[PDB]
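Visitor: One letter stands for each residue in the lines below.
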Amino acid sequence: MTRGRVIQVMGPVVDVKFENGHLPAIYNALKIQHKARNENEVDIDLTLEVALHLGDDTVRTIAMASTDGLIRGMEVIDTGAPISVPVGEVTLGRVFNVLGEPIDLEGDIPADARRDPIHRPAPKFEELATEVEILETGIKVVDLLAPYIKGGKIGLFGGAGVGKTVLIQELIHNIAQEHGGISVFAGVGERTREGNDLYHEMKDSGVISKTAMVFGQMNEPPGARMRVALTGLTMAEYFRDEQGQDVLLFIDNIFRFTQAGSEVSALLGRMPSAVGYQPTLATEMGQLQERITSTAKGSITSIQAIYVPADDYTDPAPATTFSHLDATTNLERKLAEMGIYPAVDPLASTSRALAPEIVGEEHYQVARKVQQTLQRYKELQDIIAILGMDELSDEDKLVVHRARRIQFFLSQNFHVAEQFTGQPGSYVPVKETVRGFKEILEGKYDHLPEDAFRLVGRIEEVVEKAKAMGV
Amino acid sequence: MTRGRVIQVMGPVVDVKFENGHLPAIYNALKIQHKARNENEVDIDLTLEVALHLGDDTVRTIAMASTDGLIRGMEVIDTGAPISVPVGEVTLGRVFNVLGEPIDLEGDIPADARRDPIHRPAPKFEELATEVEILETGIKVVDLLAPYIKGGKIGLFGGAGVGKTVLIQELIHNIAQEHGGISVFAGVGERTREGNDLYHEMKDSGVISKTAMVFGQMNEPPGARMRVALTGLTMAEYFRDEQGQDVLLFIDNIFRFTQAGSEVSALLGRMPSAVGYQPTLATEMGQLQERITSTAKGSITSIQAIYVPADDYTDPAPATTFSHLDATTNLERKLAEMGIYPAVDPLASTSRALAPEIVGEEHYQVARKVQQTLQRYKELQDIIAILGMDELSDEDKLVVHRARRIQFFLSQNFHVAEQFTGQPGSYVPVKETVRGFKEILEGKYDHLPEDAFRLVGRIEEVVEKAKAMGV
Amino acid sequence: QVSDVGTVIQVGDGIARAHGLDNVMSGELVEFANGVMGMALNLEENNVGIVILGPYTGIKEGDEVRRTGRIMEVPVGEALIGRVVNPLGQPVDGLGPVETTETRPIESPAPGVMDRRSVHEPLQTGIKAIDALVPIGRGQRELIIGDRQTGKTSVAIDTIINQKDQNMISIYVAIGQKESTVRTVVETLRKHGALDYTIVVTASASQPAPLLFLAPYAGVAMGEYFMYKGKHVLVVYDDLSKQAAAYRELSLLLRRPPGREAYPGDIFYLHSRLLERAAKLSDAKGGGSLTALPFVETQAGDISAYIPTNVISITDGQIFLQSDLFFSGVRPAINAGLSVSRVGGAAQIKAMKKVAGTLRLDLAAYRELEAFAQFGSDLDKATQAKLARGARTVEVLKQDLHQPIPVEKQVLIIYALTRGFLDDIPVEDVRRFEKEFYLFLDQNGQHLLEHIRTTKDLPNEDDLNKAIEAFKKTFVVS
Ligand SMILES: Nc1ncnc2c1ncn2[C@@H]1O[C@H](COP(=O)(O)OP(=O)(O)OP(=O)(O)O)[C@@H](O)[C@H]1O
Ligand SMILES: Nc1ncnc2c1ncn2[C@@H]1O[C@H](COP(=O)(O)OP(=O)(O)OP(=O)(O)O)[C@@H](O)[C@H]1O
Ligand SMILES: Nc1ncnc2c1ncn2[C@@H]1O[C@H](COP(=O)(O)OP(=O)(O)O)[C@@H](O)[C@H]1O
Ligand SMILES: [Mg+2]
Ligand SMILES: [Mg+2]
Ligand SMILES: [Mg+2]
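Protein chains in written order, with the deposited numbering: chain D, 1 to 471; chain F, 1 to 471; chain C, 24 to 501.
Hints are not guaranteed to be accurate.
Unchecked claim - Here are some chain C residues pointing at chain F (derived, C-beta under 8 Å):
{"id": "1", "residue": "33"}
{"id": "2", "residue": "170"}
{"id": "3", "residue": "172"}
{"id": "4", "residue": "188"}
{"id": "5", "residue": "201"}
{"id": "6", "residue": "227"}
{"id": "7", "residue": "268"}
{"id": "8", "residue": "272"}
{"id": "9", "residue": "276"}
{"id": "10", "residue": "323"}
{"id": "11", "residue": "326"}
{"id": "12", "residue": "351"}
{"id": "13", "residue": "489"}
{"id": "14", "residue": "490"}
{"id": "15", "residue": "492"}
{"id": "16", "residue": "494"}
Keep in mind that the hints were calculated from the coordinates and are not lab data. For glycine and all other residues, C-beta sits at the position ideal for the given N, C-alpha and C.
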């Protein structure tokens with residue numbers, strides 16, 4: 001038997017002293033289970049994760065829940081292993097917290113079910129997969145300018161209130177209902193209201209029978225917010241490895257993991273880094289990101305939403321995250337303010353799949369021509385705002401005329417955005433969007449008013465909208 | 001016995017050790033009186049104020065004068081009470097320092113006179129009075145766009161050399177000379193020459209018989225610069241409460257109070273805040289400002305000049321004082337350099353009294369329309385800066401034509417400024433101000449040159465000086 | 024009579040260090056010898072760090088500190104309605120004691136994923152711009168953000184007043200304001216009759232920093248008391264930036280290392296923990312709701328600052344007020360491009376949804392087109408029509424202070440605007456058009472108003488068109 005005792009409580013960080021030669025290993029889970037001795041105490045059931053060996057038989061830990069109620073001298077139990085969560089068919093259709101305990105009040109998991117440790121090393125260089133295959137989403141801008149890759153890593157960047165969650169929900173709607181494999185959703189430091197809405201939508205649509213959900217939302221302490229992602233990841237890794245299934249992994253906001261680490265860094269006692277982050281930012285990000293990958297045994301295609309603090313794309317967290325992704329979508333409130341949704345930046349967004357030998361020569365040429373036109377339009381705005389439109393050459397006037405229509409046609413009405421747009425959404429095949437943009441570039445629709453191109457879908461809908469407007 | 005001993009001397013901060021069970025309370029005053037025992041010592045007469053309890057019977061204090069000559073082991077006397085300054089009829093016509101000692105060479109105050117502690121809690125919620133009444137000042141921009149409130153708090157913001165002191169002197173000349181109540185002037189961290197000039201001016205004009213003055217000018221140590229404003233406020237509170245008088249309170253520069261606090265805070269051992277300021281910046285400012293208020297017994301109206309360091313209005317010290325003011329006038333170096341005085345920013349300055357039910361419907365309409373034209377003029381400044389007025393539309397040309405004349409007519413010649421230039425000052429009633437600005441807005445004087453609107457006063461003087469020049 | 028005891032080691036700036044108190048509990052209330060209360064925050068190896076909730080002048084080194092055995096708590100009950108209290112529940116209005124017989128923890132868990140229900144019922148503020156562009160529902164958290172002197176307090180006061188007949192408890196929490204300003208707000212509420220269902224929690228600028236830090240939690244606990252009984256609660260935090268400053272001050276005084284802009288590491292967790300406790304409960308939990316209106320004051324309109332972005336990332340939408348709009352004549356000066364509601368549509372009456380589903384997107388497009396057309400010289404017919412419609416919409420959305428408008432009249436004027444009945448009216452005349460139209464509805468369109476009010480849906484479009492055309496014939500263009 002080996003028991004510790006609490007010696008110091010500083011917010012979410014707790015120090016425990018053990019007997020000599022019986023220290024728990026790093027990342028081991030500790031349990032505090034205290035029954036109130038009298039009316040001046042409260043009952044406690046708390047879980048801790050070991051972080052540092054302070055020396056002198058002392059360990060510094062991070063709590064998975066609120067530390068209010070703790071008293072110095074409380075007994076601590078060492079479980080001898082990291083946090084372990086159930087895996088397998090049992091997890092499908094259920095909703096879990098960070099510790100692997102179901103929260104949907106459908107019943108407890110049997111105590112003899114298999115449980116896997118939260119921490120493991122990343123797959124090796126030998127066992128990776130590098131094939132590139134297009135994943136069609138039905139979204140015009142994504143399918144044209146930055147295609148997604150099956151089994152790859154997709155990141156959605158954006159500041160506060162630009163459309164990351166709406167884009168995630170639209171992707172779930174378009175992809176997960178016919179994927180044919182397994183889907184896992186991880187909520188990391190987001191709104192409980194959004195989590196409840198997504199759960200009820202999935203339950204109504206029937207996808208819930210094929211999905212496992214884990215939630216670590218904003219109200220939770222930093223330890224939970226920084227381990228919920230690993231819980232979801234190990235649940236997905238079981239299906240990748242033991243069954244060879246294709247897995248869809250949606251992460252609600254991966255920036256909160258870094259944010260929680262930075263919240264606890266100073267209390268752990270580490271010197272601050274450049275923008276107030278922890279020194280180990282890159283290493284902590286890599287140890288998590290490198291596990292989310294496809295292997296020979298199975299493929300995981302993952303879509304992650306990444307918050308950009310204060311709209312600054314040079315911030316260390318998004319700047320470090322950029323190197324871990326195969327395809328990238330950049331959202332700008334400059335476009336969001338103008339009424340264009342999903343507000344994707346057509347130039348900053350990149351994808352490894354945009355090559356002539358992957359998407360086709362015609363698709364490649366159309367995409368590059370669209371980007372060239374938009375880039376040219378960007379430069380003209382500075383001189384337009386000063387000297388007016390009349391002083392432009394006829395070529396520049398035509399460039400502006402077509403660029404405005406292209407930028408409006410990159411908008412789309414989503415199914416999950418009826419509450420915001422008042423109209424049902426649309427699904428656009430990639431062949432259709434390529435042909436429509438080719439026709440716009442060729443000038444087939446120069447006579448159409450530019451407002452007819454907003455939030456429509458296929459190119460024929462522009463004609464119908466303009467006819468309704470009386471053109 | 002209640003005898004202490006000096007332990008550490010670090011500039012204006014002194015550590016004193018007492019016997020167990022005899023520590024002085026926080027804010028108590030301590031006296032050091034030492035006679036030179038030999039030729040390697042100096043005589044000392046110093047006053048200290050308790051700030052912290054360090055433990056081990058040690059107290060950390062702030063000195064009210066220079067600490068040169070202090071030696072470890074000197075005896076310290078505990079007075080058992082905070083700093084106490086004389087109050088009542090005896091203070092009228094006198095000049096005091098931070099300790100309540102007269103400095104006008106008119107004789108010492110008898111030792112049996114009533115004197116009150118410097119530190120006290122603020123008035124209760126139920127004691128306050130909230131009625132709003134306009135205070136006419138005779139200054140066009142103040143009376144039109146940001147009326148001053150009788151019994152309220154008024155702040156004047158500005159950088160170095162913009163006009164805060166001149167505006168204070170003009171307000172004193174226009175209001176205090178006929179106020180009929182009691183006036184108190186507090187000089188905090190300003191020029192000694194200015195205090196001498198103000199004293200002689202008041203003595204010559206006879207206002208000295210009903211005013212009291214306290215000086216804490218720039219040459220003083222930070223402790224005196226911190227407590228001089230509280231001394232003045234303590235003198236004013238007596239007249240507010242015990243006699244039910246109406247009190248004018250002029251504070252020469254309230255920024256120096258927080259600046260001295262920040263100078264002291266480093267040596268007290270506190271961790272620095274955002275821009276090197278003290279962590280307790282907001283609480284100290286709140287505790288000073290909440291005492292300056294009108295109650296049922298009497299009313300105190302205060303006019304405070306606030307220095308803006310490096311012309312940065314986002315600096316924490318100017319930023320935190322905004323919430324304590326009922327009316328603000330913001331001075332701008334850009335306006336001051338263009339010859340516009342008092343150089344009040346017409347859009348940034350605000351007042352609670354600008355409402356149709358307080359100032360009147362036509363007053364409100366005229367003020368709002370003036371502000372609208374000035375905003376529209378401000379929006380065009382880049383276009384005029386690059387390429388002038390030639391490419392503006394006809395509406396914008398008329399906007400500029402009206403706005404330049406309005407901006408110039410907001411200037412005025414002050415009575416006090418007659419020493420800089422031979423032009424005598426003017427007093428403009430608010431009815432005249434409203435009528436003149438309404439006439440300008442209606443387009444009556446579009447044919448007059450814009451230079452005829454500078455520094456005149458009433459609208460008829462514009463016509464007179466336009467006639468005097470070429471027209 | 025026995026109690027665990029400690030002794031004071033350090034006193035200053037509202038922070039105390041205590042020796043002893045071996046069995047003290049993290050977050051527990053403690054009381055000093057002279058009767059001032061405190062809360063234990065740091066449980067170190069040999070000393071306890073305490074924040075003092077009151078005047079620390081009378082506390083000296085060597086004094087006695089006593090345990091209470093209670094986690095930080097505030098009184099709750101119906102007896103607080105119509106009263107002005109401090110964060111500890113002590114009355115400050117001078118109207119006698121408060122007879123509460125129950126208390127709630129100041130730190131409590133937020134309702135979980137399974138405990139909630141989607142927001143589906145509107146909270147009418149009486150302001151056309153808010154009720155049309157950025158709808159607010161019961162259980163939502165909407166941020167009101169802008170520079171000083173832009174109308175943030177006016178919006179909240181109007182919203183509280185408009186809840187008079189809608190059976191809702193309001194709680195107004197003032198952090199770091201002048202007591203005179205708080206008294207002015209209280210008198211305005213009393214004059215308009217809203218004090219019969221409102222609790223006012225105040226923590227002025229002269230109070231110690233821990234009270235400013237604790238005030239919103241006390242307010243939200245008082246709200247939760249009614250929430251879990253099935254009631255509906257409205258809570259207003261008049262400035263979250265001021266508790267951010269107070270918490271920074273406390274953290275620096277407690278020797279906690281700083282982060283960005285000297286703020287502590289968990290400055291985001293503070294506000295997220297506070298605001299996650301507002302929710303719409305499910306039917307199994309009683310169906311009660313609490314809805315919050317946090318305030319943030321920006322500097323020079325910089326919406327992309329640290330604290331503003333932290334708060335924006337938490338709430339379900341924001342209303343951004345701009346000084347340039349304020350002075351250009353448009354009030355309450357809501358920037359349609361930068362404002363958004365994350366619950367929109369679901370928090371609206373059916374008629375309002377029908378008439379204004381796309382209004383915010385239309386305004387954003389109009390602003391873009393107005394900016395663009397300033398450079399050109401020969402606009403075409405479509406761009407002329409869009410600009411005219413946008414200008415008319417902007418003029419319709421204007422409103423005066425303390426002038427509530429019923430939703431059944433809001434929907435009718437929005438219908439008239441969006442169906443083109445205002446196209447022949449000059450821009451300068453549409454406000455008088457709206458006024459005379461409301462009078463005409465009061466005189467001759469009572470059946471339409473009653474139908475909307477009872478059904479939550481528009482009448483048949485033929486009769487409503489006939490009424491509009493009759494008013495058009497009556498109206499004279501000046
Ligand atoms: N109304 C005015 N008319 C003419 N000149 C003025 C006026 N106001 C200010 N000035 C000029 O500006 C100078 C600075 O004025 P003032 O002493 O009031 O500045 P300040 O803001 O108080 O400066 P400081 O920070 O040095 O105290 C004056 O000496 C004078 O030359
Ligand atoms: N819709 C409106 N129409 C006219 N005046 C308005 C309107 N809304 C607000 N005001 C006025 O604008 C001023 C500022 O309003 P308010 O005090 O509510 O703003 P605030 O942002 O809360 O201010 P503060 O930063 O001073 O706390 C007040 O004088 C108020 O009467
Ligand atoms: N495709 C879209 N169509 C219409 N509105 C949208 C769309 N995407 C985003 N929005 C608007 O943006 C707001 C915030 O988007 P959200 O999903 O919260 O993004 P984030 O997660 O980055 O805050 C939503 O309330 C919605 O009104
Ligand atoms: Mg989101
Ligand atoms: Mg000066
Ligand atoms: Mg306000």
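Visitor: Take the hints in turn and mark each one as holding or not.
Guide: Right, here's what the structure says about each hint:
Here the hint on residue 33 of chain C is kept, as its CB sits about 5 Å from the closest CB of chain F, short of 8 Å. For residue 170 of chain C, the shortest C-beta to C-beta distance to chain F is roughly 10 Å, which exceeds 8 Å, and the interface hint is violated. Because the beta carbon of residue 172 of chain C sits about 5 Å from the nearest beta carbon in chain F, less than 8 Å, this interface hint is met. Annotation: interface hint on residue 188 of chain C violated; nearest CB of chain F at approximately 26 Å, more than 8 Å.
Hint on residue 201 of chain C holds. Least Cβ distance to chain F is approximately 6 Å, under the 8 Å limit. Because the beta carbon of residue 227 of chain C sits about 6 Å from the nearest beta carbon in chain F, less than 8 Å, this interface hint is met. Interface restraint check for residue 268 of chain C: the shortest CB-CB distance to chain F comes to about 6 Å, inside 8 Å, so the restraint holds. At its closest, the beta carbon of residue 272 of chain C sits 5 Å from a beta carbon of chain F; the interface hint therefore holds under the 8 Å criterion.
Interface restraint check for residue 276 of chain C: the shortest CB-CB distance to chain F comes to about 6 Å, inside 8 Å, so the restraint holds. Nearest Cβ of chain F to the Cβ of residue 323 of chain C: about 7 Å, under the 8 Å cut. The hint holds. With its C-beta approaching chain F no nearer than about 15 Å, residue 326 of chain C sits outside the 8 Å limit, and its interface hint is violated. A least Cβ separation of about 5 Å between residue 351 of chain C and chain F falls short of the 8 Å threshold, and the interface hint therefore holds.
A cut of 8 Å between beta carbons decides the hint on residue 489 of chain C: the least distance to chain F is about 37 Å, and the hint is violated. About 33 Å separates the beta-carbon of residue 490 of chain C from the nearest beta-carbon of chain F, more than 8 Å, and the hint is not met. Proximity of residue 492 of chain C to chain F is violated relative to the hint, the smallest CB-CB distance being about 34 Å (cut-off 8 Å). Proximity of residue 494 of chain C to chain F is violated relative to the hint, the smallest CB-CB distance being about 28 Å (cut-off 8 Å).
In summary, the structure is inconsistent with hints 2, 4, 11, 13, 14, 15 and 16 from the numbered list given earlier, while agreeing with the others.
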